[PDB]
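Consider the single chain below, provided in C-alpha cells and representing the form solved without ligand PQQ.
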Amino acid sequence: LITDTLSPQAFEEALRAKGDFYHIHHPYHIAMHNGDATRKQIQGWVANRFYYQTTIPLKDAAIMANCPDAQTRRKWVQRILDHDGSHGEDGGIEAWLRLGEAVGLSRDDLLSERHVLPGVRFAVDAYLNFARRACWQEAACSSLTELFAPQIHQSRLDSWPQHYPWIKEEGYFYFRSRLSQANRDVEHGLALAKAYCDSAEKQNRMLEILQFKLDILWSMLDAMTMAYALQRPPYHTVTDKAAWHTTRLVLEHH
C-alpha cells in the first residue's frame, strides 16, 4: 500500500513488479512452452486465445468512445489497424487464423467461437466491460501488461516446431512474422500511467486495475486447465457434448 505519492520512477517500478504475476507462470502456459502439452490442449489454447484477440479491437474501440482527446485517439487507433489490417492488407487477426490452421483447426472453427469456454468468455468480457465503463486513462493503462511479454523469441528454433512436429511450419511462421510487425506503441500505457497517476490514491487504484488485468489472463488459463488438462469441461457430469452458450449475446442476435 502507498501512503506518500510515489515519483514517476518508483511508480514505474511498482507497476513493473506486478509482472511477477504474469500468465507465463501459469502451469498451462509452462506445459505448452516445455513441449509437454497434448494436441487437444494446444488446439484449445489457440481457439480460446482467439476469442481474447478478436475482442481486443472492440475493447480499444470502447476506450476511444470514452476519449475526447484527438491526439490520444490518433495513437490508439493503430491498435485497431494492427488487429484488423489496413490498406487492404492483413493484420494480427489473420496471423491467429493462420496459427489455427497450422495446429489443425479450420477457419470456421475459430471464427465461429464455438470452442470458446464460458470461463474464458467471462474473463475476456470483463476486460471489454471495464473499458466500456471506466475513464479512458484507466482503461488505456491496463494495456501495459504487454510490457511483460517475452523477448519476441527467435533464439529458440528448439521451441515449438521442434516440440510439436505435427504443427505445420508454413502457418506457424506466417503467425510469428505478422505479429513481429505491429505498429502500436506498447509503451503508451506506461507513459500515460506515469503522467496520469499523480497521487497516492490514483497509484493504488492503478495497481489494482493492473491486478484485474492479470487476474483475467490467469483465469483464462484456469478455465482451459479444467477443460483440457483435468478432464472437467462444463457439464462433464451430465453429457459428453459441448453444451455451453456460443454467442456474444449482447452484440449479435444469432
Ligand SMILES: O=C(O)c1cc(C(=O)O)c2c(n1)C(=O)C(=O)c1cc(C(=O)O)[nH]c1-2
Contents of the next structure:
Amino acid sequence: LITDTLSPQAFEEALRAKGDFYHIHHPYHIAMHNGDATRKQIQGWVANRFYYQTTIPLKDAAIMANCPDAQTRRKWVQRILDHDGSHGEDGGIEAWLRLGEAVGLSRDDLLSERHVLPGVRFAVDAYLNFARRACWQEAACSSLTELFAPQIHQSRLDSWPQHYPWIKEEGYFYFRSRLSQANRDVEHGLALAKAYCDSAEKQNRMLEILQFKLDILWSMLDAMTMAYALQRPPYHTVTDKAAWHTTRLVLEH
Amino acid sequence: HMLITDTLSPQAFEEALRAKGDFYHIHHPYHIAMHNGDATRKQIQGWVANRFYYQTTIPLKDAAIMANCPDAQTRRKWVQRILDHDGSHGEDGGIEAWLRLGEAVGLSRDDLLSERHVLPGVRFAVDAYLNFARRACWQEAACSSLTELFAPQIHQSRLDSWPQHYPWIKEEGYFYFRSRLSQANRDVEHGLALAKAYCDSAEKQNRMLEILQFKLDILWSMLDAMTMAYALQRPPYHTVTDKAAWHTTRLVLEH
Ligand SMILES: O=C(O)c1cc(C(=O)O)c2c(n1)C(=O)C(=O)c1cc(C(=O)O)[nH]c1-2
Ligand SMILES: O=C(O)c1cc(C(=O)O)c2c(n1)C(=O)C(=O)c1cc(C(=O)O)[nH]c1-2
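Next up, the form solved in complex with ligand PQQ in place of the form solved without ligand PQQ?
Once more the chain from above appears, this time first in line as the rest of the complex follows.
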C-alpha cells in the first residue's frame, strides 16, 4: 500500500509483481499444462475463451470511444485490426475459430456462443462494462496483464504437442501470433501506465484495477472448473441439458 | 427447454414465467446444504457477507431502471422498492435488517459494510444485473425482477429450517426473511402487470424468458462462487496465498 509516490521504475515492479496472481497458477490451467486435462475439458476451454476473444475488440472500441486523444487512438486501434483481421480470412478471432477446429469443434460451436458459461460470461462482460464506464487511461492500463501473457502462450506451445498429440497442427497459430502482438501492446500499455500513474493515489488504484483484471481471469477458470472438472454446470441438480442464457442481451435482440 | 411460437395470452404467459421456477437457486446444492443442516458456520457467514453485496445493489439497480423510465406513474410505484431497502428513518429498511442478520450469525456490521469478503465471482454476477438495468429498456429491466415470484418460498424455507439446525443464529436475524414474504408479493403484482402488458408478441415473450434465465444464472453463479470458496477450499488464488487478495472496490462508482 503505497504512501510515497513510486517512480516510473519502482511502479513497474509493483505491476509485474501482480503476475504472481496471474491465471497460470490456476489448477485448471495447471492440469492442462501437465496433460491431465480431458478432451471435453480442452473443448469447453476453447469455446468459453472465444467469448473472451470476441470481446477484446468490443472493449478496445469502448476505450477508443472514451478517449479524445487522436494520437492514442492511432495506436489503440491496432489491437482491433489484430483481432478482427483486415479482410475475410485473417484475424486473432478467425485464428481462434481455427484453434476450435483443431480440437474437433466446428465454427458454429464457437460462433453460437452456446457453450459459454454464465460464470465466464459475467467475468468477461465486467471487463467490457469497465472499459465502457472508466476513464480511458484506466481501462487502457487494465490491458496490462498482457505483460504475463507471452510466458503462458509459450507454456502451451511447449506442452500440448507432447501431452495432447491429437490437437491438429494449425490451431497453435494464435498462441504464436500473440508472442509478439502482446509485447507490442504492452509497450504502449506501460508507457501510458508509467506516465499517467503519477501519484500515490493513482498508483494504488491502478494496482486495484489490475487485481480486478486478474480476478476476472481467475473467475473465468473457476466457472470452467465447476462445469468440466467437477461435474457441476449450471442447473446440474435439475437437468443435464444446457439451460443457461446464451445471448448478449443488451447488444443483440 | 421450451419455445413459444404463437403469442401466448397474458395469463398463459404468466405461467410460462412461473415454469422458469424449476431453475431457481433453491435447487443449488449450496442452499440445499444450508437447508438440510449441513452447512458450516463459516459457510453461513460467508453467504451472509456475500449476499449483502446483492442487497445493496438492489436499490442501485432499481434506481437505474427509474433513470431509464419516462413514465411517472410507473416510477411512483417502482420507487417503493428503494424505500423498502434504504428505509426512511435510520435503522430501518432491508439493508439494515440484512446487517442485523449479519450480527445474528456472529459477524460485525463492518465485516459486511467493508465488502472485503465479497468474492469476485459474486461481484461480477451481481454487477451484471446492475449493468443490464442500466442499458436495457426499462420494461425489460423491471421484468428481470420477476424471480421474485419464487422468493417467498425460499425465504420461508430458511425460516422453517434454520432455527432447528443452527440455533446459535439469533432470533432477530430472521426479520429480513420474514419482511420479504409480503414485499416480494407486492413487488410481483406490479412486475407481472408490466410483463403481461409489454410482452404481447411471441418475439418479446421468448426474449423475456431468456431475460429471466439470465437473472436465474446470476443467482446460480453467486452460489457457485460461494461453493468454490467456502465448501471446496478453493477461493481465488488459493494455490499462491491463503490471504484474501481479490479486489474489494466498486471501481466505477468510488475511488
Ligand atoms: O491466453 C491467455 O492466457 C491470455 C491472457 C490475456 C490476459 O492476460 O488478459 C490476454 C490473451 N490471452 C489474449 O489472447 C489477448 O488477445 C488479450 C488482450 C488482452 C487485453 O486486456 O487487451 N488480454 C489478453
Ligand atoms: O434470498 C433470496 O433467494 C432472494 C432472491 C431474490 C431474487 O429472486 O432475485 C431477491 C431476494 N432474495 C431479496 O431479498 C430481494 O430484496 C430482491 C429484490 C430482487 C429484484 O430482482 O429486484 N430480487 C430479490
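Residue numbers count along the first chain shown, from 1. Each form is matched to the other, and the largest set of C-alpha atoms that superpose within 1.5 Å is called the rigid core.
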Note to self: Only one of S177, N129, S112, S86 crosses a C-alpha shift of 2 angstroms between these two forms, counting 2 angstroms or more, core aligned. Which residue?
What the structure shows: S177
Check: Core-aligned, is the CA shift for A65 between these two forms 2 angstroms or more?
Finding: no
